[PDB]
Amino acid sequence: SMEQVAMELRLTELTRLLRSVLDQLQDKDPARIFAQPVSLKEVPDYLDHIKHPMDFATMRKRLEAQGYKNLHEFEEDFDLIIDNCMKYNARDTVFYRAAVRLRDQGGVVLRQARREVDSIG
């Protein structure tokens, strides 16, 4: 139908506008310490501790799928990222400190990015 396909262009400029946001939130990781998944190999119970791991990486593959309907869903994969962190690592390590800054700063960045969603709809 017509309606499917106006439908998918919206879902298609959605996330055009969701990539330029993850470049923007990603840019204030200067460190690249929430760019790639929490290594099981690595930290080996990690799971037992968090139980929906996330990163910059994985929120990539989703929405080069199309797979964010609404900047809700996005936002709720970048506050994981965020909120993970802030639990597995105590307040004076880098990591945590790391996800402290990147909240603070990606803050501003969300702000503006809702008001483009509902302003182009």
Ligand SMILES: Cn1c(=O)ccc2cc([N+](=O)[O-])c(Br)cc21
The other form holds:
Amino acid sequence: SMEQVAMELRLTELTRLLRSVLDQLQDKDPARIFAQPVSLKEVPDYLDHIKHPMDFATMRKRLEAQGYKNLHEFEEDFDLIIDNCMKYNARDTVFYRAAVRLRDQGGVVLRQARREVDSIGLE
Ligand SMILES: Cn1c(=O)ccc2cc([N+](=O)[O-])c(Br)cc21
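Moving on from the form solved without the named molecule, please list the structure of the form solved in complex with the named molecule.
Now the complete complex, all chains and molecules, led by this one.
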């Protein structure tokens, strides 16, 4: 149907916007601490601590499968990256501190993304 095509066009446009957002967020992680899943080889007990691991590569895979239906779903995954890190690592670590900085600098990007998704009507 034409309605289904229209819905699919909206999803494609949301995906385009979210791709730009993801690139901007990842730029705020220059050390690439959050680029890939936490290695169970360097951190073998990780899954005993963290029940829903997340990272930028995993988000990008979901994104390109058009697996984010709205901005909220995308933000949920971004918040997992930060929140997982601030639980597993102590405040005096380069990991925790990278998550704080990513959260802070990311908030700015996400604030304007919410305005764009709303005003253009992408969900
Ligand atoms: C425990 N842990 C986190 O919580 C978040 C990121 C992270 C990255 C690496 N890394 O190598 O990039 C390692 Br070993 C551990 C990490």
